[PDB]
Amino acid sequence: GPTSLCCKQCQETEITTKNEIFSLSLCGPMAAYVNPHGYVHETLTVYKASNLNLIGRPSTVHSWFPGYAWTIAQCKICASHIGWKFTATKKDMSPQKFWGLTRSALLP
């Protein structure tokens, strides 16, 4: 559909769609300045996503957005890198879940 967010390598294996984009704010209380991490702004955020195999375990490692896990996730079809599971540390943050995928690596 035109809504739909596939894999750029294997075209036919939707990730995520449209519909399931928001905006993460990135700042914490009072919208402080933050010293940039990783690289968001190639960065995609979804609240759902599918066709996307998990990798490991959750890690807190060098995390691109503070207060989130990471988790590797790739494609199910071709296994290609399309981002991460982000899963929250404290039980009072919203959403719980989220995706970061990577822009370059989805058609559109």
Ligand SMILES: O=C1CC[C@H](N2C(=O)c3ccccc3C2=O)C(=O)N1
The other form holds:
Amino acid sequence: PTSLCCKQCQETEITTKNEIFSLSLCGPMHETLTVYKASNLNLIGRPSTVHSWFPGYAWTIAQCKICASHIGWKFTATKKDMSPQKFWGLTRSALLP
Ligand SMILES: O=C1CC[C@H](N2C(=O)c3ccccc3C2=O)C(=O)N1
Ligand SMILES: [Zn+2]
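Okay, that is the form solved without this ligand; can I get the form solved in complex with this ligand now?
What follows is the entire complex, opening with the chain shown before.
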């Protein structure tokens, strides 16, 4: 009901609408959902900063633990003075609804 599930297998809740937050700027200074918390995702490999969509963070591939659908990434801060230190960037089209 606030629940966002893996579109491919529909088994797993990956996150909730309660966890959604925005890193995009609202003044003169979409496709990827950013949430504080997620569940039922397996991380693949090790963090990388290459081509990072969120400067200051590294990314690790995150896939549904059941069906292995590539749902998004875990982003982890490269510096201690950043907040949050970690979040999830999820491909919207990989989630239901
Ligand atoms: O923050 C991110 C997450 C990883 C994402 N990524 C991809 O989706 C991708 C596909 C193929 C080759 C290389 C990449 C890449 O770095 C990307 O470009 N930036
Ligand atoms: Zn799945």
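Positions refer to the first chain, counted from 1. Note that the rigid core is defined as the largest set of C-alphas that superpose within 1.5 Å between two forms.
Worksheet entry | Did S25 shift 2 Å or more between these two forms, C-alpha, core superposed | After core superposition, the C-alpha of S25 moves 2 Å or more between these two forms.
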